[PDB]
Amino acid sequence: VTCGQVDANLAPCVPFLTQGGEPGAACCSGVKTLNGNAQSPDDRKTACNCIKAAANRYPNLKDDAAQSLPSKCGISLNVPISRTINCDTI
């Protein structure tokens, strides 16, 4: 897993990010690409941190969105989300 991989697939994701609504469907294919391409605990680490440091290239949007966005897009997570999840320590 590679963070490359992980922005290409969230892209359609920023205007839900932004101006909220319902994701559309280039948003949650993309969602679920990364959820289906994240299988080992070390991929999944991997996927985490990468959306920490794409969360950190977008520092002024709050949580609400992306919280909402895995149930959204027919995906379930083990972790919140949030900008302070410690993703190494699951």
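Positions refer to the first chain, counted from 1. Here, rigid core means the biggest group of C-alpha atoms that superpose within 1.5 Å across both forms. First, how it differs from the form deposited in another entry.
Once the rigid core is overlaid between these two forms, residue 78 counts among the residues whose Cα shifts by 2 Å or more.
Following the display of the form deposited in one PDB entry, present the structure of the form deposited in another entry.
Keep in mind that what follows is only the chain, not its partners or any molecules around it.
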């Protein structure tokens, strides 16, 4: 996994992550793809740092949307979406 595919996977989540509402089919599909590429702990740490960068790309980001995405998509997201996560814990 690489930061560029992570960016690609989360691009359709930008509306939900910045304006709220519901993530939608494309967002959840991208998140599922990314969760599938983040199976091992190494992959998970790399994806976590990539996601931290993507999350920090937007100051308008809503923490409640980021925190509710995994349950709104019905996925056990191994990598949380936050601007302040320390990816060494993953």
